[PDB]
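A.B. asks: This is what each chain is made of:
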Amino acid sequence: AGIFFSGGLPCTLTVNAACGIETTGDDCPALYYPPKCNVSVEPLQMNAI
Amino acid sequence: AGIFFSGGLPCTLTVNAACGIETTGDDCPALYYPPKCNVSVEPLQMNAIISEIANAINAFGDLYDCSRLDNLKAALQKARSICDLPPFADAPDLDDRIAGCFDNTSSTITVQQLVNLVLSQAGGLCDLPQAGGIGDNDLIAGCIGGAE
Amino acid sequence: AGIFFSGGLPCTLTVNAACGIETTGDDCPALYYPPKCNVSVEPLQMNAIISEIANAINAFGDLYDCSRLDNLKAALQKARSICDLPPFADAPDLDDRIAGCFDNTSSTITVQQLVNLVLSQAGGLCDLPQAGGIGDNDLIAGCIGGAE
Amino acid sequence: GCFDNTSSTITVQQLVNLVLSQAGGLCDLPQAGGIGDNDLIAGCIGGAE
Amino acid sequence: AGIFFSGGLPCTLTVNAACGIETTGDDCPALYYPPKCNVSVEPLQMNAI
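Protein chains in written order, with the authors' numbering: chain A, 2 to 50; chain B, 2 to 149; chain C, 2 to 149; chain D, 101 to 149; chain E, 2 to 50.
There may be inaccurate statements among the hints.
To give a feel for the contact side, a few chain D residues facing chain C, derived at Cβ under 7 Å [stated by the list, open to error]:
#, residue
1, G101
2, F103
3, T109
4, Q113
5, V119
6, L120
7, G125
8, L126
9, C127
10, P130
11, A142
Simulated crosslink set (SDA-like; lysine to any residue; CA at most 20 Å straight-line) [what the hints assert, rightly or not]:
#, chain 1, residue 1, chain 2, residue 2
12, B, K79, B, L64
13, A, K37, A, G8
14, C, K79, B, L64
15, C, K37, A, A2
16, C, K74, B, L64
Far from chain B, by Cβ distances over 12 Å, these chain C residues were calculated [said to hold, decoys possible]:
#, residue
17, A57
18, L64
19, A80
20, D91
21, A92
22, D94
23, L95
24, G136
25, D137
26, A142
Please keep in mind that the hints were generated in silico from the structure rather than gathered at the bench.
All C-beta atoms in this analysis are idealised placements derived from N, C-alpha and C, irrespective of residue type, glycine included.
Excised from the complex, chain A in its bound form:
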């Protein structure tokens, strides 16, 4: 999912996200890391950045 985190949450359901992200439909789903307690940043997701 490129720079986004597959399996995350949409921008509404977490903080420090943003709306209005213009994408190519379902192929580019905007997802974000949840505010859950025990999650850590995925390595590969950095590769995109």
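Chain A is already provided as a structure; the job is to place chains B, C, D and E on it using the hints.
C.D. replies: Positioned in the frame of chain A, the structure of chains B, C, D and E alone reads:
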């Protein structure tokens, strides 16, 4: 999901739940707990309810007081209080609106329509009485030099 | 602690937390359930919230009914609904105030302001039409016989 | 509106009566002394003012 | 039984209970969670709120 059980069910398959709720998009699908014996309230959702009601109480700049029990009721009773609205000094134009009940429907009307409906009932000269005779007190009205 | 779970955490350290809530001192602090997956809601808190909503429903002398899920909705609609306000049983006074949207603001204006604004479109006899002649049988007006 | 410090309503008829009563009448008009040739007299022209 | 807990106790026998609520009748009794040391919230009641 706000104040909905994230993994919940739609209103049709539960009990003591309303139906036909509207939200924004599918990010907020109304859901409730199912009639299971092995489920419990999810604290974060309770936190959402606390946040919502606390915000509601503070709508009109009042101070929440835990020793009370009717803060929301006071807030509601304050909104309906027309007498509490602030005073205003500058004279309004005809387009400035006034609120009243028309056709059993809470709506507003421009002062223009009000002025038209008031002056239109001024009556008419025909209403005036008659003297028949004429005396020196008959100060006849007319456009004397451009000033009535 | 009222509707706030005592022994919780402040808003900054959890989710779904209302921020900047103002209260009557530290004796009514803001605290919320932590994000852990094991904690269980405390019933006595749930007792508090029930009280607030139940009080709100009866803000306008309305009767609760457990068979419907819209009670607060109607008790809120009534507050906004002007059409259901009581009617005054007497005549108004110059000091009586009328609410309006003047200057994009829900404010109050006395009757006298409206009365004076009415005169703007009152007009004078100068506006009346004119004719080249008048029959001996027609009518004239003035301060005749000590009256209009 | 706020009628006698009490939230309530009144029919437009009542306000109309109060406004009309305060409006005034002919006797209120000033008393000019002389008359001129460019003036205009107020009267009823065949049932019309 | 709507929002009110079905098996609770009237206001005077618990804490954080609002006295003198109004209802249609005995079909909708006013009850609250008891201060007992083992009770837990009921979901189906929570749906009501």
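A.B. asks: Of all the hints given earlier, name the ones this structure violates by number, lowest first.
C.D. replies: 4, 6, 10, 14, 15, 16, 17, 19 and 26
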